[PDB]
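Participant: If you want the building blocks of each chain, they are given just below.
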Amino acid sequence: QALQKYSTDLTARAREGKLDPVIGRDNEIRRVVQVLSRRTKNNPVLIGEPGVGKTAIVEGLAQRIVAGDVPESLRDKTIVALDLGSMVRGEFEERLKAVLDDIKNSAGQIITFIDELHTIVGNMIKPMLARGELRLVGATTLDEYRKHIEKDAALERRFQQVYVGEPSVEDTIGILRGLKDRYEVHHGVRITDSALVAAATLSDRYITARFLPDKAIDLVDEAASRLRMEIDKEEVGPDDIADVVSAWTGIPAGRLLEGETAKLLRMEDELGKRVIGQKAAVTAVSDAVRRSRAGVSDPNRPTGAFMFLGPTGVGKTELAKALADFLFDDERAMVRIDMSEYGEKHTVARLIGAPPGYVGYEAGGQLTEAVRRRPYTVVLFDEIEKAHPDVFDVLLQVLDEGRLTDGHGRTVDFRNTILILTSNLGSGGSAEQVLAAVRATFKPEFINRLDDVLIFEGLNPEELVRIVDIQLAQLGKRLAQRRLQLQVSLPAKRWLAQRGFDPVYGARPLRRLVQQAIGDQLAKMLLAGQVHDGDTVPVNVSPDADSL
Amino acid sequence: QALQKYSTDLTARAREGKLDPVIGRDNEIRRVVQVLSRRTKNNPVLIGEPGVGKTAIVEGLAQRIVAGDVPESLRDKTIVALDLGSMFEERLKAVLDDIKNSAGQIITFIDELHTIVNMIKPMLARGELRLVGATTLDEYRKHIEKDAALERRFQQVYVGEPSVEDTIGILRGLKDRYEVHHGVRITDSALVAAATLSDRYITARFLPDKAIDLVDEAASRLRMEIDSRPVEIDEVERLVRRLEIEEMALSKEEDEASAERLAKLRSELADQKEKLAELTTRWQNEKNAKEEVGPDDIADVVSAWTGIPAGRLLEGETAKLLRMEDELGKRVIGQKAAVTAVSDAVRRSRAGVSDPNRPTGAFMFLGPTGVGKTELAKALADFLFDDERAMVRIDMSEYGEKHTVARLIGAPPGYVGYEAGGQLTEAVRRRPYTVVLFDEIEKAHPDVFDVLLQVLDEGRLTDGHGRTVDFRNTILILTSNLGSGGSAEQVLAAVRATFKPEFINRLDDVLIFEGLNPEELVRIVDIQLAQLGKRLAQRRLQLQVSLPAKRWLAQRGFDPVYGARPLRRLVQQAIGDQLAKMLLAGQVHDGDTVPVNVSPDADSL
Ligand SMILES: Nc1ncnc2c1ncn2[C@@H]1O[C@H](COP(=O)(O)OP(=O)(O)OP(O)(O)=S)[C@@H](O)[C@H]1O
Ligand SMILES: Nc1ncnc2c1ncn2[C@@H]1O[C@H](COP(=O)(O)OP(=O)(O)OP(O)(O)=S)[C@@H](O)[C@H]1O
Ligand SMILES: Nc1ncnc2c1ncn2[C@@H]1O[C@H](COP(=O)(O)OP(=O)(O)O)[C@@H](O)[C@H]1O
Ligand SMILES: Nc1ncnc2c1ncn2[C@@H]1O[C@H](COP(=O)(O)OP(=O)(O)O)[C@@H](O)[C@H]1O
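Chains E and F are the protein sequences, given in the same order. Positions 159 to 246, 252 to 284, 297 to 407, 530 to 845 (the entry's author numbering) are the ones given, in order, by the first sequence. Positions 159 to 245, 255 to 284, 298 to 469, 530 to 845 (the entry's author numbering) are the ones given, in order, by the second sequence.
To be clear, the hints were calculated from the coordinates, so they are not data collected in a lab. Hints may be right or wrong, so weigh each one.
[What the hints assert, rightly or not] Within a straight-line C-alpha distance of at most 20 angstroms, the following computed SDA-like cross-link-like pairs (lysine to any residue) qualify:
no. : chain 1 : residue 1 : chain 2 : residue 2
1   : F       : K235      : E       : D407
2   : F       : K301      : E       : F255
3   : F       : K301      : E       : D627
4   : F       : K199      : F       : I181
5   : E       : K774      : F       : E555
6   : E       : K163      : F       : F255
7   : E       : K774      : F       : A585
8   : F       : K199      : E       : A214
9   : E       : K618      : F       : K740
10  : E       : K821      : F       : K235
11  : F       : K790      : F       : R571
12  : F       : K260      : E       : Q162
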């Protein structure tokens, strides 16, 4: 009572009701009060993620004390918190010893409470502990406890671990609707259970950084305040919260709705916006992804295991680069592993990395280490027909059971990824001998487990226009830093085709071909003159090359 | 009422009407009042960097407060500050008691509380003062990011700098106040040029005050040059005066070796004397037919800042860059494909076309040894800085260990080597314009690659202290000799299987040098012999080599497995050996020229 400047009270202000009723989490209080009444290894410590309700539990304990529900062994005691940030090189221990003296002079069982004790731990308080005068209650997280309370601890023999995992959705919903009338008078508009459950599920779904009991309340109170500030609609609602979540993340409030039909029905041209032609292919792949996400197939299998073959450079990779954007929300999600190194017997274990203590161990495997983190990729396999006939064992093990075991000992799961097996077979075969070749080259019962084996059709010599038009409308962005406009002339743009297609490399060069030509040919004018940001820069076909 | 002395006021200054120009940031003000009208985690803190305009944000907040645009809980709120120009712990009770007795109507604004955080924390846990904060992001993360004891009452509010179309209005709202001291005119041309030019180029400070300091320094520079003789009329005159005194002290030199230094200092004087006259004559033209700020002094102050060149078209730099592919062919021979590529990416930066958030160029060339994959980078650094010593060259052969990543980043605070700073970061933090050479990238530990993966497409990286140096105006070069025997597929596969494809992704064109041939070797023999003459011109012993001699040389050392170094070895072993045999045996004393000629096998001097 003499040095009460680096610590607060919990039972005094509980005579005022300055604390929230603590509905939920009625088991942890029994656990704590049971550990607090032993003879040794008493004075527990709460262990859990930040923002889950550890302080909430200790406050509820204080409130049950002031009410009177505990055994008389614990009856008639106060609780005091400790702020570690109020002290901090040195003199931290001076104030700490001044505090411990007061605690000992308390001459009773006046229980303390220390939040984030792993800032203290040490050998200064253990004699205070192993004598029977203080009782501390703590708080930290699991990995912290494993660091500051496990390596140099030697005090783990007097701290009891109590776990506070995290609430469920249907439980934090009750928590919220219990903590509702408060804000209904603080701001005061109106509250709908629809808004509450919407906040809960949307935070759970898209806010993957924080945790539930406060993560939800954050959005609820911020949205209520935004609605109050609006009055410079007299109700709150689910859209009234999706707008907040969108202003929080960046993704628009439209897509923040149904994610099954509103996705399967988008498998239309929204793919064909980035991919071109091959409409049979896109429709087939869309069937594959739709009927697989229905919810009747075996739950332990990839979400798609189709392959496609034919000519090069027509967009074989581009279909996957676009598909990763629509489903997993990124084009930096695919992983491509060439089956050209894997032409020997031994190198098949390079994509796992076998033993602890050999050359490639901490480097992990090529196929697994890129999956156990971010398990939502889109795996490609260039020129699979060249891989040694031993990789197929690992591959069949994948697509027959959604699991695999790396070198470390971890278990990885492939039950929500998409396999893709490209190939350059089909040199002359149109549709007749190409399938005979791919039925005789690969194992016959392997292809029994695949999905559709669709064959890309060549670029229609007219349907080079759409791809080059996408390329050109893209490069229309290039010189927007100067706002210079571009000229198009269908003879010139078609003159790129017959001299840049090169159907041995698909359509690969048509990016450098045009960017180097236009950019570094204008690089004289763009420095001297001849152009400004209203000039379409008329470029045309000289009888030989592409002058202006 | 006892804080009227220890703190200023903004409830009365706003009624009187004096406040700095606040335009924009109205959504920010709305965010601040919105977070103030909450139950928990209210009372925000502003996060940014010095000179973004959060001071202006709170000032406009105060003006809007006195005007009235508020909710019910904001009955003018009499927002005040707590003067950090008021500084002991016995007085702070007297300061805090006034706010404590109040009902939350005198809320404070702790400008730069980053150092304030015992006394304010318990008085915050009861919830009586707002204590509006404003600091920077790194100091925030250091001080009040790890302490969750107080992070339950602080909601950071991010702010950005650029408001270009209103930065010009701010310049206007300040243009009046900068024309008073400097007897100059600050034109809208200058406003709109500085608002538009120093933004991407001088990327060390931030627009809302760097666009201010540019105009301030331009004003001071012009006011200086309004004095009779201006810049470049005060320069060659100070040069020619000094040059003369260097000549009148060399005539009285009884030496023959200093005559050739007297025979040149005279000439450069005779060359500089004219250009003094030509400018002086043209001066009177403008004297009877600069007195105002424009767009040229802007680029002037840009160039004099951070060494970065950023002008309209700098009238001495025009024919150099169109001659680059040819000007570079004086030092590097062959690899037309490589010189075209390395060249087409310097103009696209001096033109303003290239991507503004990526290095001004970053790509790799590799191939057999003794081809020039290092002389090319050296030649590049020689004609941009005019001295080859001005290239940052780090070797990746010493970084073969994992724990050597902290060698070029620095060691964390509290360890032994801490004040020494980094090795790569500490060179690009101060004066970033150089070219950085990565010798033998293959020999490095395949973990430093994860740092260049950051530098690519982001343009910066962090060090042991936590700050971020910028990498947006340099060129990054990679050298290696993977494969070294394969045509094009072995080396392609080797680099593809040695580096991540998402590291080769952000790279520009990947270059493969060919190797030298007989037709390109005579041009190298000439360079070698010219450099050798320039070297042994310190004893005035010029040489005289015959065409059969140069052909014998260029034929002798050619073998297409080691490149060109055998040529230097043969030059030494065949000429310098004999010459140094004679030079200390008398008979070839200073001031001499010895001819060489082909003999049947050797070439006698
Ligand atoms: N059962 C509950 N009853 C009432 N409020 C609860 C309950 N569980 C969580 N909360 C609230 O959730 C929020 C989380 O606050 P804290 O309990 O302090 O978080 P924490 O889990 O203790 O970790 P810290 O201390 O925030 S780092 C507070 O507003 C609590 O009041
Ligand atoms: N095309 C060239 N232009 C200029 N100097 C050249 C050329 N080819 C060779 N040389 C000279 O020959 C030597 C080769 O220098 P480097 O460029 O370091 O060799 P390299 O090609 O880098 O091979 P490595 O892999 O670095 S050992 C230097 O003395 C160069 O000056
Ligand atoms: N249908 C298409 N839609 C869009 N771009 C396409 C299409 N077909 C080919 N392309 C383009 O052709 C080029 C080759 O892409 P890709 O098939 O990934 O090449 P590679 O086979 O060399 O890996 C890319 O620029 C790609 O955008
Ligand atoms: N939007 C604005 N336009 C023009 N001048 C401004 C604006 N906001 C503030 N100013 C003035 O310019 C100064 C720029 O520095 P300031 O914004 O105070 O930086 P800080 O408070 O972060 O140190 C302000 O102090 C103010 O006097």
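Participant: Are the hints correct? Go through all of them and say.
Facilitator: Status of each hint after checking the structure:
1. Our distance criterion of 20 angstroms between C-alpha atoms is met by F:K235 and E:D407, whose separation comes to about 17 angstroms.
2. A distance of roughly 17 angstroms separates the Cα atoms of F:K301 and E:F255; the hinted pair therefore holds under the 20 angstroms criterion.
3. For the hint linking F:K301 to E:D627, the alpha-carbon distance of about 44 angstroms lies beyond 20 angstroms, and the restraint is violated.
4. As the CA atoms of F:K199 and F:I181 are separated by approximately 28 angstroms, the hinted pair breaks the 20 angstroms bound.
5. For the proposed pair E:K774 and F:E555, the alpha carbon gap of about 30 angstroms is over 20 angstroms, so the pair is violated.
6. Between E:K163 and F:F255 the alpha-carbon distance is near 18 angstroms, which keeps this suggested pair within the 20 angstroms criterion.
7. The hinted pair formed by E:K774 and F:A585 meets the criterion: a straight-line CA distance of about 19 angstroms does not exceed 20 angstroms.
8. For the hint pairing F:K199 with E:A214, the CA-to-CA distance comes to about 17 angstroms; that is within 20 angstroms, so the pair holds.
9. With a C-alpha separation of about 18 angstroms, the suggested pair E:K618 and F:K740 falls inside the 20 angstroms cut-off, and the hint holds.
10. The hinted pair formed by E:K821 and F:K235 fails the criterion: a straight-line CA distance of about 61 angstroms is larger than 20 angstroms.
11. Note on F:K790 and F:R571: the hinted pairing holds, with a Cα-Cα distance of about 18 angstroms set against a maximum of 20 angstroms.
12. Pair hint F:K260 plus E:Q162 holds up; C-alpha atoms about 17 angstroms apart against a cutoff of 20 angstroms.
Violated hints for the displayed structure, listed by number in ascending order: 3, 4, 5 and 10.
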